[PDB]
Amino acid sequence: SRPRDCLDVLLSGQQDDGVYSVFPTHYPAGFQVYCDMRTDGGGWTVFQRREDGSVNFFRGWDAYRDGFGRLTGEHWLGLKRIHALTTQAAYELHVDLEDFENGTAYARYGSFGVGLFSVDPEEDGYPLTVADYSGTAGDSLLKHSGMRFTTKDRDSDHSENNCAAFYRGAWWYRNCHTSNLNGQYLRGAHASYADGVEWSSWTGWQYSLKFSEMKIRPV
């Protein structure tokens, strides 16, 4: 009756992609999420999706903490929820990407987590944990491992300036990034540098992807 994530939902007999209620160990009130029941067997809990630029992603700290957008469309689940999910078990991360030319690619990471051992994940900046890459999109996230999450109004990166403001996004910026999936929906090639929905290892630093979806599943 109380699935902890989309894998529990799947194993309980629910095979259709869609919105379901999940109840993380330390977030007993629970919340709704979009479940991908098809990718590599299914059971993936989505936490980010870009697909048409209908939602503004250049948001501040509170928004990235609490989440925004809609589960059936573009959205960000919220770092407080992502933390609740990834700390209750060992999760893997799957990232699906799509360009404006019919092309698709993906990146899988054997281990993924946010603020895994932080006493206060929010004050600690929801530090990223990620490793073990494999896929077709190439790795554009391993360099971000260990970095705190930075937004336009809360700098915690390794740059002299605010990477989030400079690259119009919100991410576990270093100095500054190799991936920027929460960047501006610029739609394809653009002159501005690395400030769109980027995944450098696949499409470079001046090409804003058409679609992106970040999801997790217990290892």
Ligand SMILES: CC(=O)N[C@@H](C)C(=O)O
Second form
There are 4 protein chains.
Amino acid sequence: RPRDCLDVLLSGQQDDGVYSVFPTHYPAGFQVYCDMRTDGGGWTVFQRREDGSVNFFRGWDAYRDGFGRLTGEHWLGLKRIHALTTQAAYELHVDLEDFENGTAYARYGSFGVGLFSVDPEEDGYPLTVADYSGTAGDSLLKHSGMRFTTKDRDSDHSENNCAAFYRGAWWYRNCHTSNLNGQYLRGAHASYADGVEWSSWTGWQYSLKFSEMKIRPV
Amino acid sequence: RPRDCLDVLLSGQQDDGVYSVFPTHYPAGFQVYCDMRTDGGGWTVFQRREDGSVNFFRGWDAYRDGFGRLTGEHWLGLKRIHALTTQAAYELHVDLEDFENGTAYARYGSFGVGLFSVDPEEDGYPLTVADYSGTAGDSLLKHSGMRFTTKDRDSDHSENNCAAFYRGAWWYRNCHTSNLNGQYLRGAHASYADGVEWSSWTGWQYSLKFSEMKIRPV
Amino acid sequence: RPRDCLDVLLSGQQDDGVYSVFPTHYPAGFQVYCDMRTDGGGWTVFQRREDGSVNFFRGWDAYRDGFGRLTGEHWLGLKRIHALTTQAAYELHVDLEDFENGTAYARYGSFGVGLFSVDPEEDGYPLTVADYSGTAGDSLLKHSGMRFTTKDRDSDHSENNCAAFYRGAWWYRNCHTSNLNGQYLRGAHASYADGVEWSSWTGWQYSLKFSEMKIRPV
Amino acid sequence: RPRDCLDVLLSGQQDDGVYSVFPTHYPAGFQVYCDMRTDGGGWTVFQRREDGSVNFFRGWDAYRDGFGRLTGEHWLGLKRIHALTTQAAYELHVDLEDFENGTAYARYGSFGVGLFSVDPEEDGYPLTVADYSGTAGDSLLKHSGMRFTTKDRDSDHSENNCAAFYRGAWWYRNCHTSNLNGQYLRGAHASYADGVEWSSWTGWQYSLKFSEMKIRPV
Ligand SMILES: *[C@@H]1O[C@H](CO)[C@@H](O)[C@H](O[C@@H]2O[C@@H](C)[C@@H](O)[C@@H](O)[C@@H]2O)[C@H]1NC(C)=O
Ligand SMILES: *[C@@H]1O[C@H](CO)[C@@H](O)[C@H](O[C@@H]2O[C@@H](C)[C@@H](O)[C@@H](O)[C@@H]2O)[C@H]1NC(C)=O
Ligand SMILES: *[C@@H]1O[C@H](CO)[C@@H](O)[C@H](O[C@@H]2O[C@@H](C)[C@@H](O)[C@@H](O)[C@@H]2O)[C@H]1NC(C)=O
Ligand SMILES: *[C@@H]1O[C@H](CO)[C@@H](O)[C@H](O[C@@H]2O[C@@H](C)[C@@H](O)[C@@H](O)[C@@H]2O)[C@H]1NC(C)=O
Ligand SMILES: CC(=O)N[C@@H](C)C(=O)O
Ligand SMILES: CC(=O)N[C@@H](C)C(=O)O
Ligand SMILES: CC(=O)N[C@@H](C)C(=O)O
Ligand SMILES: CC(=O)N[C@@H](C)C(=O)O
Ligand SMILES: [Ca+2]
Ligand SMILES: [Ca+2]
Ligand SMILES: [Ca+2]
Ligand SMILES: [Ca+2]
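Compare with the form deposited without the ligand: the form deposited with the ligand bound:
Zooming out: every chain and molecule, the one shown earlier first.
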């Protein structure tokens, strides 16, 4: 009964792929994609963009329960990300790729979703994130403490709905420096900040080719 | 805590009948009918037609949760079929009988439902099936990759609802070569392909007497 | 982790009262009242009438989930009765008392609720009951094979709703010989068969003072 | 798998903070705040007021499922309080503070919520409380036996809704002597008994600065 992808790795499973994990407060467990290569391996993936094949402009229930496929574009679901990040102290790794085959990454030494929320869904799965390092620059620390906002559930610090306006779903403030669940607009676009944006690397008008968000215990 | 009917058999239960199984991600478990005779035994039944006593023209929730009785005509439910087929690599056995006491079978070396779906219900319990052998001919490989479609939830490649039109529930494309959840029309019928059809054996206008779909780990 | 009140007794708990039980397919478990005196003890109570303090003219959800208190008048809930009676072969004991301090009982060697139902709620928690003995006479064997009917969910063999007409909830045919979830009308009443009726003992116009329905493995 | 904060303490965790507990009939478990200092420690917190940062004028579902954060103002949820208080015999400790830095406490040797309810939600999570001692005086024993009432679900002994009228959620009679889930009105207020009231200490027109309700096995 591994609790995450690091337990899977330490048990002797060295190959990238889909494995069963059993978080402390999710004993039924569920399947995840494990990255067993990045910085020694043991990363549990919870988000991937790579080809714009999956619609990410989804409502609250979809972002709670998850959508897409573990072998392609997917969102694991905030209920699962909560179950994972509350059972130990996790770091976040974000891998990015542009349409010119360029790559960069952001590492956060602390990452959590609704860590102290009695009802994390009610409380809007608030983001805990700290301690940046990497090549992509920081585009997430400004989002620390913000609730998750979708097109049909607004908990941001804007007078309008940030998720509706920037066609995504994120821990929006007023509104964002990152938007990895945005529209797959494929590189440079005329529209403002409504693509797969990581502003610190490629600004507010470049939708990235590939994103992967994953967690490992520190 | 057997995970399926093969575990039940290997534990020393050799009789056909109803047993408790406990899939990896369904730890509460549920009761299934075990076929302990076919090709050495250890088959978990998830579909049976035999007398048209049970209505199979049911909606999404019915095909998710299951209906009928384990000792007669039933559908185990896609949530249970998902839980079973994701915990190991399963083969599918389909037993068929006509109203002239003729029998045939289809064996598939690979069978799965929503194998990599984050939310298999959202994703429409897509069919994985490959490697045919048997006497009935192949009527399922064309359905590989298709989502499950009911009269009240359309995910097929038709401009209309295949489930509504052919009075069934299946991994419809545009529309089908098999329709084992179709109406129990009892043998030859004037209506087109809306019966218990296995086209490769008995064509598109013969509703079979008996069908049984069951799985065993390879 | 006792599965029922017999496990509780055999573990060395000899006192009547409330205990935790953990049925095979209900691993979370729940509290029940255990009768540790009747015919050696080990009986799991699922119904009690004694003072008409609790309303038994309730809808489908109430009879699924249960109502009242374990220490007084209650219905354990059909989901729990299903979980109990499907994990082994149970007998039913029915204790009755009139308002003249007279007592009688009915014993059934076989009792079950939705024993082979894929979805027992969908299938209406059909009654399995056989092999009568006792002093009260038989008022249940005619109900064998019937689905459970409430005022807001009709699955009986009447043109009207038996539960609505006889102000109860039961495995109604057309309509009943027993009605222990009927109105607490307190002894003889002018109204026809809408009280706590056990017809074989006290006929169709006498609402009993006390009823208790309980199960033990054979 | 500690069942409560006393198990956490006895396992060798001596620090105040958030821990995972696994009640008998809530095996998935959940996180709670443990008080490891008060009278030897081992107290499971289920309510805290301290700064009026969280809205406590919430409906039935919120008081069932819980709200706020474990590290600040929160309500653990009646489903969790039921799961905790039914697995053993618990005492209640209530810590109070006024806006003049004055403190007092109420100890109850017996505390429970829906202890014998078949469906504690249906039954309205009725209060069991007895055996007062402390400095704050008794403001809860009059509430013993009363169901929990919210603005959108009335089970009190008033002709109006006590929760609506006194802007809280409590085991209201007609109506209250305590109201710790009332509005955070900050000390003396003109409005009648609609603040964080503990009448025996600070009367019906003083909203307390701090409240903490917590349980430990006797
Ligand atoms: C970017 O990486 C991908 C995957 O490794 C390569 O396919 C790209 O190479 C380009 O496309 C291939 C099919 C071939 O025509 C090659 O000559 C091209 O350079 C690679 N580079 C770019 C610029 O996309
Ligand atoms: C088909 O198989 C069934 C079950 O084994 C048999 O009952 C059928 O036999 C037929 O019906 C029986 C009752 C008897 O009258 C016999 O003489 C018949 O041949 C069997 N054959 C057919 C053609 O249905
Ligand atoms: C029926 O049983 C009950 C419980 O044991 C008894 O209370 C009844 O006794 C009657 O009521 C008591 C209070 C006392 O007045 C006695 O003299 C009565 O006979 C008992 N009998 C009847 C007829 O109810
Ligand atoms: C009440 O307790 C708090 C926390 O210990 C103290 O801060 C209060 O002290 C008062 O405020 C501080 C900042 C300082 O100005 C001190 O001189 C004040 O007395 C303490 N007392 C009161 C009356 O609030
Ligand atoms: C997209 C977004 O939030 N952009 C910032 C810079 C702003 O509008 O103030
Ligand atoms: C039933 C069905 O789909 N029949 C195929 C042959 C078709 O209509 O093209
Ligand atoms: C109450 C009930 O069903 N009575 C039977 C005898 C009948 O009406 O036929
Ligand atoms: C608030 C409350 O219930 N007060 C009591 C004294 C009453 O009104 O009778
Ligand atoms: Ca807003
Ligand atoms: Ca269609
Ligand atoms: Ca009817
Ligand atoms: Ca009222």
